Every structure is written in C-alpha cells, then in structure tokens.
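Apart from one protein chain that is not included, each protein chain of the complex appears where it belongs.
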C-alpha cells in the first residue's frame, strides 16, 4: 500500500525551478490546500459507496481552491501540473487494494503500458549473435498492473533485459476531451487490447468537447464525463461548473474491482463456459 | 553449412507408414530419382550465375521424373510431399552462404517466423507473480535467420523461456497460387514486416491462378512465377509445362544475398543517409 | 426476405437431382426437417426462456443426427458444406424485440481501384468492391452506393459468423485474416466463430486479437474422439447455445443512439 504522489512531486519540482511559480504557490496557499487534500484523502480507509463519495468531495474542495490560481496567475501550469490532480486522486482511491486483491500490486500510478516487441537487426551477424529488439509502450496517466523483465539472448549468449509493465487497468485523465485526443486514444485502445486483451481501458474527462455526430465508442471500455457538462458551456450565460460526480468514480471503482475480481485467461474455462473474456 | 532435407525426410516417413506409397516409391524409382537429385545438387559448389542455372536444371530433372508418379498413383501426396520439393531445393541453394555471409546462420529451412508477443494473465495474482504470455509465429516454407531465447520473470522471480526465430528472409512455395492463398500471404506480410521490418518476404509459385483484375502487390516484396504460365493452360490445346526459370531463381539468389549484404537498422546511418531501410 | 439458406438448398437439390429427390422422399428428409422446424416454431418469442432455448437445441440435435446419417451412408457425393453445413447458420434469424432489420448473410468487405487507361479514368474508373459469402450476418441496416455512376447494393453489419464442424490451427490463422478486413470496414462489428468440436493440433494457445468470440457447441475437447470410430460420442449442449445472447444484446444496443 504505497503512493507515488504525481501532483505533489510536480509541485515540489516547480517551487525550486520556477521562482515566479514558487512565489505564487506560497502567496496564494497552493501548498496548504494540497496538504489538506493529501492528508484528508489518506484519512478515508474503508471502501463502501459512502466512503468513496467522501474521497470525491476532498478532490472537489482541492480543485476549487487551487485551479483558479493556476488559470489566472501562471503560464506553465495548464499541461504541467493541472492534469496530474486527477492522476494523484486515483493514486489515493486505489492505494488500499493490496489487502482486497490479496497480493502486492507494484504499479498503481502513471507508468508505461507495454504494447509490442519487434526485431530490428543492425546486420546479419547482429541478427544471429544477439538481435536488437524494440519495446513500444504508451505513457498512461494511471495504470494498475504488474512488472516483468523481458530477455533476449542470441547465438552469442549475452542477454538483453528490458523492464516492462503489463497492465490490468489503464486510465487516461483529461480536463476536457476533444476528438484529436480521442482518436489518439482510439488508436491506443486497438494496440493495448492487442498487448493485454484483458486490460481494461477508461477515458476520464471532466468536460466533453466532441464533434456533434456519433462518436465511435468502439474498443475503449468506458469514457467518463465526470462534470456532466459540454466545454462550450464554460463561457455561457449563468454557467456554474458542476462537481466531479462521485457516482461515476464509484462506477469506475466497482468496474475496476470487478475486473480484478474475475478469472481472465483460462483454456478449460473457455470449454465449459464457451466464452474467452 | 548444413541441410535439413525437408522432402527426403518426408519420403522416409511415408515409406514406413503408408505401404501403398512404400510399394509405389520403390516400384517407380522415386528413391533413385531423389538420390540423383540430392547428390547432384550437393555437387555444384560455386555461386556464379551459371552455377545456379545448373542447380535449377537438377530441380527440373527431378520434378519431371517424380511428379507424374505422385499425380497418377498416390492419394496422400499433393499437399503431403509435392510442396516440399521447392522447400528442399532452396535448402540446397542456400546451404553455402555461411562462408559468404561470414558467420554461422542457424536457420536455412522451414521454421516458425516470430510475429508477436502478448500478455494473457489468468488472474491478478498471476499477472503480478509471473504473467503468461503468448508468441504467435507463422510456418514458412523457407526461412533464413537467427534464433534467440525470449524470457519473462514476474514478481515471483521464476522465468518463462520460449525458443523464437527472428527471420531475415521468409519464402512461401506453392505449385499454383490462387487469391485466397495470396490473401493469407497479404495478411502475413503486414504482421511479418511489423515483427521484423527488414525481413524480406517472397512468394514462389510455378503457376498463377489469379483473379483477372489488378492484384495488390502491396507489402509482399517479390512474387515469383517460375514457369511463366497460367494454371488454366494445364488442360488447354498443345500445352507443354515450361521449366522452372533459372533467371528468376538467380534474381532471388541475388536479392537475398544483397539483403544479407547490407546494413539494416542504424540510427546514425539514418541521419547521414536520411532513409531508414 | 424470408431467407432459409438451407431450405432454399433443399428447393435446389430436389429440383436439380431426381435421384437425390427420390432419396429425400424415402429418407423422410423434408418431413424430418419439417418436424424439427415445427417443434422450434412452438418455441415463440415469450419462449426465448432458458428452458425454451434448451428445448429447441434438443430438437436441433434430433434433426442434425438424422441429416448427418443420410449424407454419411451410401447416398452419396455432393452433400458436404452444402446441406448439413448450413443448418446452424439460420436459427433465431428473426428476433422480435428490437428487430430493426439486418441486410442478409453477406457483407460488403471494401474497395480498390483498377483502371485500364487515363481516358477511361475520366470516363468511369474501374473499381473492385469486395463482398464475401459468410455463414450468417445480422446488420444494423440503410444503403446503396454509387461511384462514377456505378451502383452497388450496402450492407452494414453488426455481427458475422462462420459455422464449422471443427477448428484446426492453420484454418484459425486464415479466419483471423478475414476478421482484420471485417473490422477495417466496420469498426463496431462483432465477429464470432462457432464450431462444434475443437482440434487444436499444437497445444499452443490461440489468437485472441480481432476474433470477438469463439464458441464450442459440443464443448468437446477433441474432434478425433468423434472421428475415431469408437464409443466416443459428443453432445450438442443447450447451455452453449444459450450464451450466444451476446449478439442479440450488442445489436439492440446500437439501435438506441442517445447520451
């Protein structure tokens, strides 16, 4: 049961490197709001429906305090520390699964989810002696999974070892999602399902900025719209930004846990059942 | 410099299991024709243009003697031993490359050319402890390449090792090619180029049985039509079956050797050159 | 159109045959099918419970057992993937609940360009638009297409299936190839493969990617059991056919395009 602290680390990084930001952080109480949020999140230790809603409330409080400062008073923040808020939130929510799942999960944070291996030999002698190979992986905002160590030895016997991460759930977190970002995901999804067919893949957005006509839902498991609002509303008459929806975080928590709770690949279970996944 | 003897082994297999065939082999001198061909092929030791043509002549002689017996006197022969003739012929032609290439190639015969690796975890504990993975490979009629040993260890430290073959040239050999078999190849080609992008892929046919309108040549490197004849000619007035064309075998021999003779993957050679392959 | 691919096959075999026709009448084939067809007809929509799906499967085996023996006796030749190999690619061909439409058992695969000349390209450029004959297709709906005044009539599919007696490794590879093409044309579409018995020649496990499910109707470990003339006899199990509601569920889902 550990935490990586994605957002907090980046707040720590920024306060040494960017003295504009460092000054603004302390001046407007970014640090205090964060510490409140961090410790308030660590306080909720059971995982019934109600408990999760309490966790969501802590997230909403933090964003209300901190995001208006980022938007109006900093340049290098929108895609530098803002998106890591959701990333760290999910670190908290899933920090207590080892007990439930009944084994030590090493990966519950952003990491690179394995997609494929392919062989690119420099020359003929190379191919035969020990060929160079390449591992493609996608950066994901939040991965639950295990690590392994891939290895190739050629005719010349000296090994090539790469540290890879084979995911159970991969989650993308955006402030608002538009179609060129969805299409990024749509292409990931194909590749990720091929790498780990029983990997679950979610897209987590607060706002939707999608192109009218029917979006393909194809191959992405679920797409979350946590604030139930269109992005065009943000500048419209009588706008009030909705809170991140605790029922959908709860849905996600349940679907994850259900995914973790099942039997995934089983040749004999295919027979008797019929169906693979 | 070894040989696997694809066809000869299958002739040996058949003469113990199928007493109809065993009787027919000895009765009609299949064994003798083969031994003539085997030893006559081993005799041609230089690899200039002329030498290759001599090799091709030996192949044509053998097929002239043996294939009429197979067609008229045996049932379990057309897709049981006939296609292995071309397979063994290429074993001979390439049996003398170790000297030229300047290192020991382990694979110069039919084998399974690596396509992809993917992770299929039985459950969550499994994924974390040591996940089961799967290697897809395509049977190819003739592969020149090296072998390697792929390895995965999980949290529980105990290793999973699979023997894989990463190809330089993969060759398909058919008596006559029709479109559903080409489409089989067209799909292999995509996958094989992805596994080994500097793998060369040829389709070797004697006759063409293709569907009029423009075939896609896309992604298969070269397609060989060794007898320069349509399959519909085989039953037509004044038909004489053409010999396998030594100029095309020569083309193949040169293109292979050129492929083997080059530099394949090089990051610094990309810069200065511009182009990857 | 009321497509019974198999009964249309009977219409055709009886009409062209004569010897096959005398065989049908004496072997009670049309009757045997009618007995089977009527027992399923008893199973209606209200009766599409778990109990009804099993009752239908029982009747199916009665028929298929009698069908097989006529082909597998001394009567005689053209009886392969023609007759028996088209009994299971029909079943609950028509639903009731959603029942949007469909567009038949074939689907438009894709298109390529193949013009002779520069002048011909301006006049009307040659294309080659594919459509394979799959065992059974259920579609969402609907079109035709025109390309330079060349019109071709479009099927857009929700589900596709082949039905085979047994699956080996090398066939499974080619089946994988078919599915890649399918998914390219129609993103959302499910592809199923349905077989009775399984013959995985290498024990090596099989290609997950792009095949959206494979189903074993017999749940039978190996085909060889059945092939080997012996005590070993398979069973068409109703529970296996019951869990092919995945198709129905998916089809229904696409009708309701909302939030």
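Per-chain numbering from 1; labels A, B and C assigned in written order.
By definition in this document, a contact is a pair of C-beta atoms (placed from the backbone, for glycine too) under 8 Å apart; a residue touches a chain by one contact, two chains touch by 3 or more.
Within the full complex, the chain left out of the display contacts the shown chains A, B, C. Of the candidate positions B:46, B:72, B:235 or B:272, contact with the hidden chain is made by B:272.
In the complete complex, the residue from C:76, C:145, C:232 or C:245 that touches the missing chain is C:145.
From the options A:118, A:130, A:151 or A:229, the residue with contact to the unseen chain in the full assembly is A:118. Where subunit A meets the chain that is not shown, the touching residues are 118, 120, 134, 136, 138-139, 180, 183-184, 186-187, 213-214, 216. Contact between subunit B and the absent chain runs through residues 193-194, 197, 214, 216-218, 267, 270-276. Summarising the interface, subunit C meets the missing chain with residues 100, 112-116, 118, 121-122, 125, 140-148, 154, 156, 184, 187, 257.
The definition used in the following text is that only the chains that are shown with their structure count from here on.
In whole angstrom, the spacing between the mean C-alpha positions of subunit A and subunit B is 45.
Work out the mean CA point of subunit B and of subunit C, and you get 35 Å between them. Remark: subunit A and subunit C have CA centroids separated by 41 Å (rounded to whole angstrom). Residue positions of subunit B with contacts to 2 or more other chains are 118, 120.
The set of subunit C residues that touch two or more partner chains comprises 205, 208-209.
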